[PDB]
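Asker: Chain by chain, the residues run as shown.
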Amino acid sequence: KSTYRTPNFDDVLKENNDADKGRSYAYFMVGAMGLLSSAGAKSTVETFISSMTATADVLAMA
Amino acid sequence: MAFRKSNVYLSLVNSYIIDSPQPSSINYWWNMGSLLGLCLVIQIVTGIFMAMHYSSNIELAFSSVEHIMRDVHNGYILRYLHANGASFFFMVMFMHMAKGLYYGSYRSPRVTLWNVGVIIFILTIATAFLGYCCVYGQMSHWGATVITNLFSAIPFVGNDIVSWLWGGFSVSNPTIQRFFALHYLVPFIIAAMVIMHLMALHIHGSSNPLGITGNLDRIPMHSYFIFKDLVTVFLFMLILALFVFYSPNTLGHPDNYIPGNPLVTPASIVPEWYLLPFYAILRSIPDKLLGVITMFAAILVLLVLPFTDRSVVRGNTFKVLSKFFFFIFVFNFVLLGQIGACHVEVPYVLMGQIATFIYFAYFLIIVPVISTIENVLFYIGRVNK
Amino acid sequence: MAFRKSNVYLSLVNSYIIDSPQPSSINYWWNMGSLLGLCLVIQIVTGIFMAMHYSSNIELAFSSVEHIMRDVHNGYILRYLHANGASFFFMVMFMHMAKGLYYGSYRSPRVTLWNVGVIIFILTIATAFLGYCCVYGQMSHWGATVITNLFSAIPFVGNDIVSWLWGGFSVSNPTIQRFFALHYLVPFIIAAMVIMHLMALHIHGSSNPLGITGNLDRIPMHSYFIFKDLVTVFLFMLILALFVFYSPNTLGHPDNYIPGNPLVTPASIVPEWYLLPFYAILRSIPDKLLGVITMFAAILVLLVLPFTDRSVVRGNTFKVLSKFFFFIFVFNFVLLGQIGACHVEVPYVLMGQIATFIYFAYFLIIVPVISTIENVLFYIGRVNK
Amino acid sequence: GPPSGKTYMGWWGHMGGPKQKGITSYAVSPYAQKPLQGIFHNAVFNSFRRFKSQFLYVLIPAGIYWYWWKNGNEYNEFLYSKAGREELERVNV
Amino acid sequence: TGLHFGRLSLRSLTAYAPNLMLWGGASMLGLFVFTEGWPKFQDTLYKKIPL
Amino acid sequence: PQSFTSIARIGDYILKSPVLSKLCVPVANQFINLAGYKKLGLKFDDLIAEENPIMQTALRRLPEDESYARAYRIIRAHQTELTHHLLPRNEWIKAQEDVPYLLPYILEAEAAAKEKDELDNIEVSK
Amino acid sequence: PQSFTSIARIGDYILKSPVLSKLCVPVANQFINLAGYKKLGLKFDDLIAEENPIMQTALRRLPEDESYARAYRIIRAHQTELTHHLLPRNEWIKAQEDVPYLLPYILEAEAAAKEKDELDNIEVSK
Amino acid sequence: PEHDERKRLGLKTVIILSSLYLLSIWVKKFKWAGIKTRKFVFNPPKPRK
Ligand SMILES: CCCCCCCCCCC(=O)OC[C@H](COP(=O)(O)OC[C@H](O)COP(=O)(O)OC[C@@H](COC(=O)CC)OC(=O)CCC)OC(=O)CCCCCCCC
Ligand SMILES: CCCCCCCCCCCCCCCCCC(=O)OC[C@H](COP(=O)(O)OCCN)OC(=O)CCCCCCCCCCCCC
Ligand code: HEM
Ligand code: HEM
Ligand code: HEM
Ligand code: HEM
Ligand SMILES: COc1c(O)c(C)c(C/C=C(/C)CC/C=C(\C)CC/C=C(/C)CC/C=C(/C)CC/C=C(\C)CCC=C(C)C)c(O)c1OC
Ligand SMILES: COc1c(O)c(C)c(C/C=C(\C)CC/C=C(\C)CC/C=C(/C)CC/C=C(/C)CC/C=C(\C)CCC=C(C)C)c(O)c1OC
Ligand SMILES: CCCCCCCCCCCCCCC(=O)O[C@H](COC(=O)CCCCCCCCCCCC)COP(=O)(O)O
Ligand SMILES: CCCCCCCCCCCCCCC(=O)O[C@H](COC(=O)CCCCCCCCCCCC)COP(=O)(O)O
Ligand SMILES: CCCCCCCCCCCCCCCCCC(=O)O[C@H](COC(=O)CCCCCC)COP(=O)(O)OCCN
Ligand SMILES: CCCCCCCCCCCCCCCCCC(=O)O[C@H](COC(=O)CCCCCC)COP(=O)(O)OCCN
Ligand SMILES: CCCCCCCCCCCCCC(=O)O[C@H](COC(=O)CCCCCCCCCCC)COP(=O)(O)O
Ligand SMILES: COC(=O)N(OC)c1ccccc1COc1ccn(-c2ccc(Cl)cc2)n1
Ligand SMILES: COC(=O)N(OC)c1ccccc1COc1ccn(-c2ccc(Cl)cc2)n1
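Protein chains in written order, with the entry's author numbering: chain N, 31 to 92; chain L, 1 to 385; chain C, 1 to 385; chain Q, 2 to 94; chain T, 11 to 61; chain P, 2 to 127; chain G, 2 to 127; chain M, 261 to 309.
Be careful, since some hints might not be right.
Mimicking BS3-like on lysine-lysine, the simulated pairs with C-alpha atoms at most 25 Å apart in a straight line are [said to hold, decoys possible]: (1) G:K23 <-> G:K95; (2) M:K306 <-> M:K291; (3) L:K288 <-> T:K50; (4) G:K44 <-> C:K385; (5) P:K95 <-> P:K44; (6) P:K127 <-> L:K385.
Rather than coming from a laboratory, the hints here were simulated on the basis of the structure.
Bound-form chain N, shown alone:
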């Protein structure tokens, strides 16, 4: 068999590749994952930093 014959890939290929669209759906999901994890990182840091503020008993004697 010759090396110029490409094997069968028709189980996995698209409608038409349509590069306007194949990039659309992959990067909406990569953008959503970066949005949620940047919000989550910001809640984690503010939870740890606020623990260093004045406690309830110190504010009661304020």
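Once you've looked at the hints, dock chains L, C, Q, T, P, G and M with the ligands against the given chain N.
Answerer: Structure of chains L, C, Q, T, P, G and M with the ligands alone, referenced to chain N:
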């Protein structure tokens, strides 16, 4: 060349994180080592933010932890995350070790990597024990009493070791203040052993589920196995959050909300769930000195496995008999935990004795005999005359 | 090959300790880096043995340190060694840095090694400050008050930073318990920066007192420079022992044996001897915000030196003008300490202003101008027409 | 530095396997194919196929150890009832 | 013709067996320095003729 | 691990004996079918661990044509396993093809290491 | 650091000028004698730092006979300094021997690096 | 005394992390599609060598 390859510091990140060659066929069981590294970061960070509000004096200790819960902003999040984070750290480690036992990762050329790991395990049981004592409730006092009095049986030298460990004549204030300072330290020693552990992996790299060479088909780490590891990071955080926020005291004992009292003994002194199988091995030996030796021998019999496996094939994937006895050993390890949470009564006395034997016979009698039988069956099935 | 060269872990010891090529001509000024590594081991070990007996509560703190002195076996040895060990650690570091400034070790190809060192210095001032506050005497309370109130001048955001640093409305109990937990931590961060510091030295190795290449004559480290380093280890341990056992409170202040009181101010608030020159730079600036900027700028102006030295020769060995101004800068740094231990009175106000200028003009105006003059004199003395 | 004792794995270009000749590889871009394509025909075909193979090695051991815990827990509760006080004083001695 | 071994030959045992006795000593020497003053072993550590 | 010299000594004794071969061979055949390495397209000698000097020697002495085929079977099996499928049943190794192609190179390298090693610890007569 | 092209531009201006040369040259001569590199047996071009590409280029273009002598002067000076002695006064470099033997190779490599760099950032007319 | 606040912050945290877990499964299967459908062919060479 690229900056990531030329810089002194980024060259190490690139060689370990970005361009590292990995076998194409490794599965999700190879993701546990990543999680154990996030676990250690969770515990060290949460612990340092609590240490700002903790007092180690025996008359102030229990009330400092209740003060973190009531008066500190988001302090109930720090403790429950921290307390349940240790239960999760131990569960991922048992699965990491059981994997290596199944796929033969202890064998040469990776004997040095297995031995540094056995050290990490010992130093991790020690850390957790020291921290539970710093709460100083009623399981904290009587758990330290039972374990520290074991060293008074060493010949001629024992009663000097307990009084030097206590700082006195009983579990008292000097004991609780020294256990907190050591409990802060040992996590930084575990981190230094984790770096030495990774250096020994870089030499030969990782194995694979088939037990053959992986030098013919390799994939880089970045953007195949980085994104495969995000999958299990978010599942770990989800299940942990479900315990911290909705069921935060199911993996504990109620007696440790009673403050510690030397004059009233509890009706049942029971360790956490992850030290129960080793606690059943100790209770099974009638003599005090032999019991404390047999318990520590249960951790260091793992070092004998590279010399007792007598097989020419690595791993259990193609091995029928060696699969059956791998899962006998796993469920015998779950019964030892159950028996460690029971009263010392018939028939739970003999059950823990027979099961302590099966723990030791696996490493020393079963593996050598089935490995040799399997080798000879492979031969006579192909070469038959 | 030899085992010391084949093993993963001993190969690093051999390449750094045993077979490392060193220039034949390095003198005893190259032995200070070894001593700073023994210093860090002395402080970490002595501190962990004291932490077993220390209580951080503001009502218990001063009396815990007096309890280490009277009731703990050999506790007076641990404290005086520890307290005087920090004075020795800082003196060896100033000599280590002054050497590199004299021999041009900051220059390319070793700019990265100089910058990791500037970081170690900042983290080391922070450590010592946090520890002096944990004694909680009368120099401990009022020293933390003066420095923490400086951050209340940052525009629009300052009074939020001081109350988050304090944990309240003044230096109080939450301040002293958080400063002890951070004081235990930062030594382990300094150790991780010392490893990164050594990695950057291994690339190009060490320089030498002549400022030329050392690749034509090299000596291995073992049994020429190991035994040359024992000479200075034992001299260090002798002089330190003479302070610990015969004069253990001459490098301190008596007011810190008075317990801390917010209602009585001392007549003279004075830092330890090794932070006095930076304390005089702060007091010299009439405005509060500019003062705290000028003080931190005194540490980070060292990063500007690799770009302001305009010479084709490395080091000062063959440089006449650049030797005179190196020793002007050293004795101007000793006057700033003296003025930092005086009352704010005529003429010590203007003296500290002129001397704060000379500290900054050395790095920014003097070095560029003398380096250029010296280059041109070398040329016209040889090439004359 | 000096070179240390060598391994059974190299790096890109000199990984240290046997020489290859006569093998050809083909592939298609992921942007040009559809993801989430067949993951039923996966959880119902392959998971059930993988389960059916490796389930008698896990469940026969589990059945022996669980039966053992049972007969012990049943017998203990009998010993400490009032109908089993005579047996208790026999076996506890 | 035959001598037995596990990389540690039988007469590779007894060309070092004296030195094993001597380094068995070198560790005897190494700890009865190390643990006088420890209040336990004092029973038979100043059994010596002087001191 | 156990030597192939010892594995062959025990096996040959079992096989030459009529009663033992009629009793131990059917167990060994169904141990092979239950293992399932043929379903991934591998012969048994592909599975032997290769990180030791006797086995590195045997692989150099192997002919070029047998060595190129071994590399392809190993790559094909890794790809079959990351997809969590099996190969088509017309690509499975048959019994007559599962031959010990590497055993003679192993037994030759083992016998030479034992001869060398006896000669380095000899007891001489006078 | 400062370029040898700039060092030579300033120096030549000082030297061509009569009044400045009568005023700045004696200072420069006694700056040389007080430095003391001749007493260790070195010429000035031995002292120039060599860890940069323009200076690595100049040392390759140097003839073999001048390069062997440079290596010996540098080894002799390291040995003189670890003993904390000076050389005999009949082995000191004299003034007529302290020649700039490496300067022409440096100025040639510098002029080529500037020409190449200007050509890589040119503004073109139309 | 934190019972009511705790149960409401856990609703926020479980919703956010549950969607990140599903998004991560999508992104992985897209970036792995080249490797899963890659194909191999062997033509035995001549043993001249
Ligand atoms: C405490 C929390 C820690 C957090 C993480 C723990 C994860 C540990 C689980 C054990 C493990 O790692 O191995 C799991 C193993 C399957 O691994 P494999 O590579 O062979 O199959 C890849 C898959 O087919 C493709 O999976 P694919 O990549 O195509 O899709 C991802 C999948 C997510 O699955 C995971 O997260 C794996 C943990 O998407 C879905 O499931 C969609 C449904 C929402 O499965 C088995 O072999 C048997 C599993 C049952 C035994 C588990 C008992 C453990 C105590
Ligand atoms: C001191 C130290 C002592 C430590 C003792 C350790 C005990 C800790 C218990 C941890 C449980 C983890 C058990 C599973 C071990 C991980 C490795 C493994 O089992 O391999 C997965 C295997 C994969 O299947 P294949 O054989 O086809 O190989 C891959 C294809 N090439 O497929 C399988 O083998 C089946 C996978 C199913 C696993 C679930 C079975 C166990 C279920 C209940 C366990 C309860 C634990 C609490
Ligand atoms: C491997 C890392 C660690 C492990 C496994 C661990 C384990 C534990 C455990 C099991 C407890 C008892 C939990 C309970 O309250 O029921 C505990 C308590 C505690 N630990 Fe840690 N710990 C680790 C690291 C640290 C570090 C580095 C610190 C300090 C900086 C720390 C500080 C504390 C404190 C203050 C407590 C008091 C009780 C509490 O707040 O729950 N821990 N630790
Ligand atoms: C506790 C902290 C630990 C960390 C952070 C850690 C980290 C890692 C990582 C990242 C890997 C590579 C990925 C993987 O194989 O999963 C790994 C592999 C390995 N670990 Fe650990 N580990 C730890 C504990 C242990 C323990 C306790 C053991 C055994 C007793 C161990 C033995 C091994 C082995 C044998 C491998 C190689 C497996 C293979 O390549 O097939 N490790 N470890
Ligand atoms: C770079 C390392 C360190 C430096 C430079 C340093 C510096 C200091 C200084 C200057 C003091 C005040 C001395 C005085 O009493 O007048 C102090 C006190 C103290 N330090 Fe450290 N320290 C270091 C490491 C540590 C560590 C790692 C610990 C704990 C494990 C520690 C624990 C203490 C304690 C408990 C005190 C209480 C007061 C005393 O005992 O003198 N130190 N430290
Ligand atoms: C804990 C603190 C430090 C330790 C343990 C340490 C350690 C060392 C050691 C062992 C050397 C080997 C050569 C020598 O001794 O000169 C060295 C060199 C050097 N260090 Fe440090 N150092 C420390 C702090 C610093 C600081 C604060 C600076 C500068 C701000 C610095 C800059 C340098 C430089 C430039 C060299 C190379 C000098 C040369 O090769 O001529 N180091 N250091
Ligand atoms: C020019 O080339 C050189 C060179 O000249 C020299 C001298 C050295 C050696 C000099 C050094 C500075 C390296 C030494 C290393 C350090 C200073 C880092 C130290 C790091 C630590 C983490 C120290 C901590 C020490 C401990 C003992 C922690 C454990 C604490 C204990 C055991 C006490 C508490 C225990 C109990 C039971 C209460 C070089 O490495 C080197 O490189 C090639
Ligand atoms: C197979 O390939 C892999 C791989 O798969 C993985 C997963 C990893 C990833 C990592 C690991 C497996 C583990 C390594 C982890 C460590 C060494 C952990 C160190 C842990 C820490 C917690 C350091 C913390 C330091 C601090 C300073 C934070 C503490 C406190 C703070 C910030 C409070 C102070 C704050 C204020 C405001 C005062 C690899 O490195 C790797 O390469 C081999
Ligand atoms: C060795 C340990 C393995 C697990 C490491 C997990 C660490 C996460 C780092 C992921 C970085 C991905 C590279 C970025 C990139 O290629 O371009 C990014 C793509 O990825 C993203 O957008 C971010 C996606 C996920 C958020 C990252 C944080 C995950 C949560 C962290 C939880 C703590 C562990 C830029 O987007 P673009 O290429 O379309 O322009
Ligand atoms: C690491 C950077 C250098 C800093 C100085 C290092 C100080 C610590 C190491 C001590 C030197 C040991 C080397 C001896 C050796 O191996 O050669 C041994 C010598 O050993 C002996 O028998 C004599 C006893 C050694 C004297 C020990 C002196 C002081 C020990 C430590 C003091 C406390 C700090 C000879 O063998 P060698 O020539 O092949 O190296
Ligand atoms: C210490 C733990 C033991 C394990 C080793 C730790 C290694 C992990 C380090 C993590 C990566 C750190 C990122 C470094 C960023 C690039 C550095 C750089 O630009 O190098 C320098 C500048 O660096 C500095 O001035 C100070 C850097 C301090 C960094 C402190 C974190 C750039 O200079 P250059 O272009 O010549 O690159 C170096 C060539 N060898
Ligand atoms: C920079 C921070 C972290 C890195 C630290 C590097 C410097 C640490 C110095 C370590 C001192 C030497 C440790 C033991 C040396 C011998 C190791 C060895 O023989 O390897 C193994 C034994 O395995 C083990 O049990 C390792 C225990 C590690 C002990 C943890 C301290 C056998 O030697 P192996 O054959 O692997 O050596 C290859 C050369 N042919
Ligand atoms: C380092 C700790 C990570 C532990 C994760 C385990 C899961 C329990 C989450 C507890 C988080 C406490 C904060 C919180 O409750 O926020 C909550 C928000 O929930 C989240 O977003 C989940 C955060 C986790 C996402 C991953 C972040 C990546 C790590 C960042 C490191 C730079 C509520 O915060 P809020 O004040 O309402 O804004
Ligand atoms: C998490 O803490 C507890 O569960 N603790 O300790 C307060 C507890 C509580 C109640 C009853 C018993 C214990 C102790 O159980 C065990 C069993 C073995 N170890 C052990 C300890 C150290 C080392 Cl090096 C090796 C083995 N400890
Ligand atoms: C050893 O401790 C003392 O001498 N302390 O502190 C209690 C003291 C005592 C009395 C008066 C003043 C001080 C403080 O003097 C200084 C001067 C500069 N810093 C500083 C601190 C942190 C950072 Cl990041 C940077 C600079 N501190």
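Asker: Each hint needs a verdict: does it hold in this structure or not?
Answerer: Now the hints, each set against the structure:
A distance of roughly 23 Å separates the Cα atoms of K23 of chain G and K95 of chain G; the hinted pair therefore holds under the 25 Å criterion. For the given pair, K306 of chain M sits about 38 Å from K291 of chain M by alpha-carbon distance, which is inconsistent with the 25 Å threshold. Only pairs whose Cα atoms come within 25 Å are accepted, and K288 of chain L paired with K50 of chain T is accepted, the gap being roughly 21 Å. Note on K44 of chain G and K385 of chain C: the hinted pairing holds, with a Cα-Cα distance of about 19 Å set against a maximum of 25 Å.
With a C-alpha separation of about 9 Å, the suggested pair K95 of chain P and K44 of chain P falls inside the 25 Å cut-off, and the hint holds. With a C-alpha separation of about 46 Å, the suggested pair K127 of chain P and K385 of chain L falls outside the 25 Å cut-off, and the hint is violated.
This entry does not satisfy hints 2 and 6, going by the numbered hints stated previously.
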